[PDB]
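Participant: For reference, the chains in residue letters:
2 protein chains.
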Amino acid sequence: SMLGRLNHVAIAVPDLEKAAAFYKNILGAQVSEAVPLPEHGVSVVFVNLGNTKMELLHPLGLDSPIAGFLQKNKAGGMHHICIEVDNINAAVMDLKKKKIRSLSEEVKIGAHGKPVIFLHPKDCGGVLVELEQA
Amino acid sequence: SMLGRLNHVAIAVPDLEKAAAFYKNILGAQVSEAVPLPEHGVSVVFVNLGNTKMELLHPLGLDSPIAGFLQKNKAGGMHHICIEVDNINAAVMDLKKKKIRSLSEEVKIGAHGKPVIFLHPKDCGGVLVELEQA
Ligand SMILES: [Co+2]
Ligand SMILES: [Co+2]
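In order, the protein sequence lines correspond to chains A and B.
Residues in the first sequence are numbered consecutively from 3, following the numbering used here.
Residues in the second sequence are numbered consecutively from 3, following the numbering used here.
Simulated pairs of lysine-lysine, DSS-like, Cα-Cα distance not exceeding 27 Å:
no.	chain 1	residue 1	chain 2	residue 2
1	B	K110	A	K26
2	B	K26	A	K101
3	A	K74	B	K74
4	B	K26	A	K110
5	B	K26	A	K116
6	A	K101	B	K76
7	A	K100	A	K116
8	A	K100	B	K76
9	A	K124	A	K110
10	B	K20	A	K99
11	A	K100	B	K26
12	A	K20	B	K98
13	B	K76	A	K74
14	B	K26	A	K99
15	A	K124	A	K101
Honestly, the hints are just simulated from the structure, not real lab data.
Please put together the full structure from these sequences, using the hints given.
Facilitator: Here it is, written out as structure tokens:
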């Protein structure tokens, strides 16, 4: 099938250090060191749950894509899910053909250095969905 | 005691049939029939992504535990993540000993027929977390 695995659940957090330490030292998760991603305006910590990852995100620089989310959601919150696709270009053409209003039109290189597209919550799906080339 | 896999990401949706059909017929996901869970005050559709599932949730009756979420988030939204643990009782005692204010006291039987506990976003972790016995 075109649609694949859940690659990550992304959580925006107001304190990346504290969030990472909670998963690591309270819950006993496998947690990475923080990685700055300046191109993407965030810092990330990866929580490896074995089957998938949680990405803990915090703004990096004054123009972060998640800065506005953290003003609304001061305690942090679930920000998006990311599901893999076998072929992102075939997937974009298909979704364009289906004429869905949530499609974000332009394929960009995402935080993993692979092409992605975002579907906003505009067709009953209920969540921001990042689709990433597998 | 030891933390395990992500069992599900739960999404609250204002229209369960519309959300299910989006995943199935727009994204090409494997999607269950809607299952009412009256004891838990919701109806669920399971989206099987192979590595984990999405549980799409809609209120069933008046005092649904997600009814209040759906008033705040009219388009619906990510409601919780569920992570497995090998021993729910051990985890509850460990968490009670760590004195974390996110801990929700009562072990209940969840929709999967397994004991669960919830931790709220009160300790820098960013999301509602359900822990469920493996
Ligand atoms: Co992402
Ligand atoms: Co759940």
